[PDB]
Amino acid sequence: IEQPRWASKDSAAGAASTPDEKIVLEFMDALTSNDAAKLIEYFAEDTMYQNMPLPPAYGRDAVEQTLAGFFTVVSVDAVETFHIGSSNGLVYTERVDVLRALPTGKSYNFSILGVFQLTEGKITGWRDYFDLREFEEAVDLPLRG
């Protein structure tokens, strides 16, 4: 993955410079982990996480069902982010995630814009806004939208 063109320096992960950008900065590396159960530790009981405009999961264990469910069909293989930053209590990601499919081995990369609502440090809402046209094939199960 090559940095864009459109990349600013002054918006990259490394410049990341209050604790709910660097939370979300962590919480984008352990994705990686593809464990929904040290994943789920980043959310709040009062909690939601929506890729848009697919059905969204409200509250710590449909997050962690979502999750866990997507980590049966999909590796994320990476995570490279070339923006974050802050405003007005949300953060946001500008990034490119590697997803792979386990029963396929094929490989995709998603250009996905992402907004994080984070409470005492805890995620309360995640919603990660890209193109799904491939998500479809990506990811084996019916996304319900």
Contents of the next structure:
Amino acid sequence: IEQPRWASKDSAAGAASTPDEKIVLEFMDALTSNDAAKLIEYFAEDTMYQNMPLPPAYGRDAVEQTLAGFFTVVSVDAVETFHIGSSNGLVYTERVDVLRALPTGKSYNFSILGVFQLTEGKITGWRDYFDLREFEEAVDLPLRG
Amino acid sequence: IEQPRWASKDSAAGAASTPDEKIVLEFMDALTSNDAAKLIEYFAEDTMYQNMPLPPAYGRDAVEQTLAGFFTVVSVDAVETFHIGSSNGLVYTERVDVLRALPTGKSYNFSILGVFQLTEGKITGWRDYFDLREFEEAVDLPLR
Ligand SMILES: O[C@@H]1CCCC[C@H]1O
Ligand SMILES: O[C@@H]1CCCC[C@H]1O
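Okay, that one was the form solved without (1R,2R)-cyclohexane-1,2-diol (40O). Can I see the form solved in complex with (1R,2R)-cyclohexane-1,2-diol (40O) too?
The next block holds the full complex; its first chain is the one shown before.
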């Protein structure tokens, strides 16, 4: 994974400089764990997670069940964050995630722009925006949308 | 339309509070014009535009040609920005675009997070992120 031409240094991952910005980058690092039990600790009881525009998960239980299900069929091999930034309580991450389908071994790069809302240091919202054309095939589970 | 549960007032459109934020919002209003000649004026000369992960357009010529082509087959009927905000020189719009295919009259809602980089008030980068599953059907152009 190369740095893209449009990558700007003023917003690079290495220059995170709010606590919310730093917690999110930690969370990006933990994605490769493929471990919902570990990942769920970042969330508040009042929280949400959505791969747009698939049906969102609301509540920590739903998020955990959703993440646990994903890791049954796909591995997060790599996460490259190009930009981190934040504004009006929201944090933004422009990045690429590399995903590998466990049953096939096929890998997939997904260009992603994610938004996270934090309250007292814990995720109360996480929405990822990307192309789901290959996501159906990458994730051997029905999308629900 | 909409107003999602996750919509924060703290980051709403009406609360845009920098010149760049003000500009991207005006650019967002302008999209419904479907007029590539009017839109290209927001763009700097050294610039790019991409619907991820389709082949990007680099330079003002390519960008205008790309928008003009899009407006040949599709209308932008509505743009609804729920969040705008900025950080480290970039602007972010969390929004919905309604696109109507001209040959069919079929309409489409796209959930979108876009990043903008402006220079001296001019667009030097614009990348929209969203599901392209219906994009192919909605836009009667070949995908590259
Ligand atoms: O982004 C990925 C989607 C599928 C697996 C878990 C999640 O982190
Ligand atoms: O296809 C639509 C038309 C307007 C701008 C590009 C894209 O969002």
